[PDB]
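Before any questions on binding or motion, here is one chain by itself as structure tokens, the form deposited in one PDB entry.
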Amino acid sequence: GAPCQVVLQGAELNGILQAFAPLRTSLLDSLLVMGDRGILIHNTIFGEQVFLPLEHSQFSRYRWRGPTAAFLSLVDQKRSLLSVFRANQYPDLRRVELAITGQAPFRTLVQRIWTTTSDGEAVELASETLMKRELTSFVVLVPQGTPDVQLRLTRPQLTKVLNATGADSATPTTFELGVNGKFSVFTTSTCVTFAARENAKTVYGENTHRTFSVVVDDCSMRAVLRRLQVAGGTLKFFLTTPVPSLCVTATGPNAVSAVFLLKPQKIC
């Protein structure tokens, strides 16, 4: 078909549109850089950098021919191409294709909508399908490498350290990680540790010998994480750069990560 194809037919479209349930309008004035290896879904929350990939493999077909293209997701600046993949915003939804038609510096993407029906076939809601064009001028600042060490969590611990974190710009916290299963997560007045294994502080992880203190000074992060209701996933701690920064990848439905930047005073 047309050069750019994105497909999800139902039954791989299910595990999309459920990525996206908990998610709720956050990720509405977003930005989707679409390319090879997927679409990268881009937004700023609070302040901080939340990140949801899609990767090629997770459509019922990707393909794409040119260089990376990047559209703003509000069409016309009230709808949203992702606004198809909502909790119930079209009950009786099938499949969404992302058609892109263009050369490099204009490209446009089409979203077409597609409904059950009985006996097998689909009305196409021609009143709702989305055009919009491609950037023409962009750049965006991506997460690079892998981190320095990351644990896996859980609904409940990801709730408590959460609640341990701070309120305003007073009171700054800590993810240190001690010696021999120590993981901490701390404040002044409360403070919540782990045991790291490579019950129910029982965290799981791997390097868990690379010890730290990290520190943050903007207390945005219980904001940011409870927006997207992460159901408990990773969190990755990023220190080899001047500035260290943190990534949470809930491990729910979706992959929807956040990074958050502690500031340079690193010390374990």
Contents of the next structure:
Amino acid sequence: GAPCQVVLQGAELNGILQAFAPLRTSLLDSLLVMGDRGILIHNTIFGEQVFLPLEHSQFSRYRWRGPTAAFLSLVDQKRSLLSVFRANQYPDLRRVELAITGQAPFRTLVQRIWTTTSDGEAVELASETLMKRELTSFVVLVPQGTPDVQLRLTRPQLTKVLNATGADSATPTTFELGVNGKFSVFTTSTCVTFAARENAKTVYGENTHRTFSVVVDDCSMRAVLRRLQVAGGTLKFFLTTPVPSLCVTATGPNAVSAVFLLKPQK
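Other form of same protein, the form deposited in another entry, not the form deposited in one PDB entry:
Next comes a single chain, given without company.
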């Protein structure tokens, strides 16, 4: 019936339930952008950009046709299209059916939930099922390119770095990879240093030789990255282009990422 039918069947659904769980009540003001390739989730968190791809393999099957739609997630302005995945709401879940039946401008998306009943049974609760509608005209600025030094900065040390950052605008922190892979987060208060490679200070990345020094002037980096509560697992660095961008990705089952703008250097 609906051309664009996407379903989360139980094994994959408990995959994405754990992927969404850590980000408690963040991204429930998201903007879901859905195209042929999955679904991407966007938001401003402490005035900074944050993203979450949901590519096909994540959930059971995806089928989509026509223009990419964008659904301003907060549905009826208190309830949220992604509430279903908060990992303690609707606890013993089963198949969730996102489908959109419209045509191109005025698409509308129905989130149908199903809830176990312990025989193998399940009750579709058509009491909390959601009905959103496509934003008519939506412009969202999405990261692009390929980073030039992606290092894997793992779970402890991505606390060390955010603590190494400072409180307010007085004190700009400075990421500076030097020759032979120093990768130090310098600032007036304290400094954290690493080995950059291709014994638990071996920060594994690739093509790290392309030296940079960059300075982060947003005081928010600890704020948002902690708010997301990432386990770390990569800093993505885009140096080439003006106002180089520091994005940061986690490596658990989720892929939430947060682009940090930086002041002109390298």
